[PDB]
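In the form deposited in one PDB entry, a lone chain appears below as C-alpha cells.
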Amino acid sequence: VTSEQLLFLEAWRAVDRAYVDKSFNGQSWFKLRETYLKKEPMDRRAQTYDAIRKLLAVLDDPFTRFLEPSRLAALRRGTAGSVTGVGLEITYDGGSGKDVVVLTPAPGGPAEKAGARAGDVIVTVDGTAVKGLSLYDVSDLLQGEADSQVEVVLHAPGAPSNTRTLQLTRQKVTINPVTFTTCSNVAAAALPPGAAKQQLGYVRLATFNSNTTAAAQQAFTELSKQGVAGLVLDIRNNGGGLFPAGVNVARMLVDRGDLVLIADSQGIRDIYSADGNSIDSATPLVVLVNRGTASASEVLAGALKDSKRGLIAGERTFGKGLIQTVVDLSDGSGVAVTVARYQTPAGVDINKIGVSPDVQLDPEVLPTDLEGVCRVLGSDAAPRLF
C-alpha cells in the first residue's frame, strides 16, 4: 500500500466515518474503496487528488468536496486581509441543476449596490461558466485584490434571458451585525393585537458573526426596557453564518423548549434547547425573513415559529439546512463532508423545506435602514406584520 494509497484512504475514511447518510447514496462504500484502490491511478499526488474527487462525486452532494492544500489554507484565512470579494454569498440552486446562485448579497456590498438580489443566478465570472463548479472554486473566481474588478453575469430567478452584466470592484465588506431602533406612532395595521402603545422595537440582524450576540443582547435589553408594544426581528438577507450566535439569539427570546435538532441517517445526534437565560420572552414578536434567509437564520426562525414565540412574516426562506465539517488530511489537503442536518423542534428538515411565513408579505415593502423602517411603519401603507 503506497503513501498515495494511504492518503486516499484518509479521504475515504473521513467520509466513511462522518458522512450524513450512512447508506452513501446507495453505494457500497467499502467496496468502492477497494475498487478505486485497484482501478484508480494514484501514482502521483495529483492523481490521488483526482481519485479522491471522483470518489466524492459519487455521493451526488455538491457540498461534499475535496480541498487541495493551497485551497484549504486559503479557505482558512478567508476574507480577512488582502483577500477581498464583491459581497456575494453563494450556494447551489434550490432544485440544484448545479447552478450557482446568489444565496444573499452582503448589505452595502458591491453586488448589492449594483442591484444584485438573493436568488439571482450567476452565469459567468470573468466569462468563466460556473455551472457545476465547486462553490470553493467559484469564490476563488470572485475574490481578488482590493480595487481589482470582476465581471459577473447574472439573471433573474427563472428568467435566463433576464440578465445583467456587472463590473464589480473588489473591496472589503463590513457587515454590521445589528442595528436597532424604536418606531413611534406605528400605524394600527402594524401593531400586535391589544397593543397599548403605538410603538414597535426593530432589530435588524444582518449577519451572525462574533459580534452578533453582544449587539443583539443590548438591543433586546433596551427595547424591553422602553416597553415597546412589539418587536420586529429582521433576518431577511441573512446567510446565517455563526451557528452558535443564532442559538444565543434564540435563547434571548425563548425560555423553554427545544430550538434545533442535529440529525443524520442514524437519527438525532444532538439538540439545543432554551436554557432559561431569556431577555424577553413576553413582548409580541414578528420575524422578517425572505429567500435570502439561510442556515443559522433559518434555524433561528424555525425555533421561534415552532415554539410559538413569534410570527414569521415575509417569504419562505432558502432551505439551506445542511452542515459540513472540514476534515484535514495528512498532507495539508482536506475534505469538506456534509455530516448532518438541521431540523426544527418539530423534527422537520430545514433543508429544502426552509421556514414558511405565517404572514405572507412582499419582502421588499420594508426597508432595512432605521429611518426608513419607521417611516413605513407609521405610514398609511404599513404592513400588517402581525
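Positions refer to the first chain, counted from 1. Basically, rigid core = biggest C-alpha set you can superpose within 1.5 Å across the two forms. First, how it differs from the form deposited in another entry.
- When the chain shifts between these two forms, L55 and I235 travel apart, each with a separate rigid block.
- 12 degrees is the angle through which the smaller rigid part turns against the larger between these two forms, based on C-alpha superpositions.
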Contents of the next structure:
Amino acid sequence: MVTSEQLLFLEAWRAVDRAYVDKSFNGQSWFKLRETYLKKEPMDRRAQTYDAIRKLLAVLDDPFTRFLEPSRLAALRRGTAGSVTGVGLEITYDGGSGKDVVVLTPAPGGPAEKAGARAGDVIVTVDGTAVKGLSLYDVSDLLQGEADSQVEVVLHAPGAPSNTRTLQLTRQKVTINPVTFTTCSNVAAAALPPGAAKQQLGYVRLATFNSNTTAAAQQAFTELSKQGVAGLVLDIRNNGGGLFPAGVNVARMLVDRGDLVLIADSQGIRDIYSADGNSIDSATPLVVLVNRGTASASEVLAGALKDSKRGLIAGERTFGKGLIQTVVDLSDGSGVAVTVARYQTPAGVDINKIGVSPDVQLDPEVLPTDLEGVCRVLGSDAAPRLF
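For comparison with the form deposited in one PDB entry, please write out the form deposited in another entry.
The following holds one chain only.
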C-alpha cells in the first residue's frame, strides 16, 4: 500500500528510529506512532508530510530534535560568521520542559553583556515577538540583523519572571578572544597551592572553544610552564563550549594518560577520547574555575581534569549541557535535526543531567577576568583560597 509521502515520512521516523540518543523515545512507542501516523495523518502533499514529521518529532520533548525543510537545510549548511551581525549572545533551551530560550552565556565584551545580560537569563522577546517554543535558528534570526542596527530584547533573571529587563542593543560583529593569560606575582598565601615554592600563579582565561583556541592555549601553558609558576588557574567560567576537538586538545595539554571523555547513548558508550601522553604540564598544581555558565565542551574539559585528578574544580556547578545533535538528510533535500549522543565524564557522570560539581566549593565571582585585576585580587589579603 505505498506512497511517495509515506516513504518520506518513514525515512524521517527511521532516522530518528535509528539515531535518537534515547531509545525510550520520550516513553512513547516509536513503532506504534509510525502506525498511528501513517493511519491517521494526512500526507496528501509534501507539505502535509512535513507537518506530520514535525508532529511526530515533538512527542519526543527534545527541543534540539527538529525537522529541516530543504530551505533551512541550505540556509543552515555553513554561513553566519559573515556580513551577519548579532549582539554577543549565546542561546540555548531551558532545564526541564525547556520551552524557554536562555542566555547560555553572553559574549564577553559583547553588546549584550556590556548591557546587563548574564548567563542563565531568560529570553522573553526580541522586538516584541515572544520566543518560547521557538527554534534557536529562529531566535537567532530575530537577534540577527546588520551592522549598526539595533534590537530590543527583553530578558529576565532566572526564577524572577517578573524581574524584567529590556535591552536595546546595537548589532556588532563580536569576536571572542579564546584565551588570555598571565603570571601573577606576590600572590597571597591563601591562594597558593600547598607546597608552593614561589609566590606565583599562572592564570589562563579560556573563554571559548574555537579554531584558534588550541594554538592560543598551547601558548599559554607553554609560557607559563617556562615561568615555573607555582600553580595554574584555568578559568572557563561563562564558556559555552563550541569546538569539541579543541576541548580534547586542551585536555591533552594537561593530562598525560587516562580517558578524557566518553560518548554514549541509550545503549552505552559509543566513543572514547583519551590522553596521548603529550601533555605540556601534567605536574603543576591546577585549579579550574567554573560556574553555571560553563557548558558543553567546557564541561567535557572540566570532567576530564577532574576525573583524572589532574585538577581541582572550584566555583559553582556547571550548565548541564551534555547533548550532541546532528542533521540527517532526507532523500528530498530536507533534514532531521536529532540529538544522537551524550557526553560523560570518565567516571560515568552524565554531563547533561548533573553538570560538573566543584571539589572546592567557591564563591565563583571572586575573580575578575581582566589580567591586572585578576593578579590584584590574587595578591590581596582577601585572596581566594583557590586550592
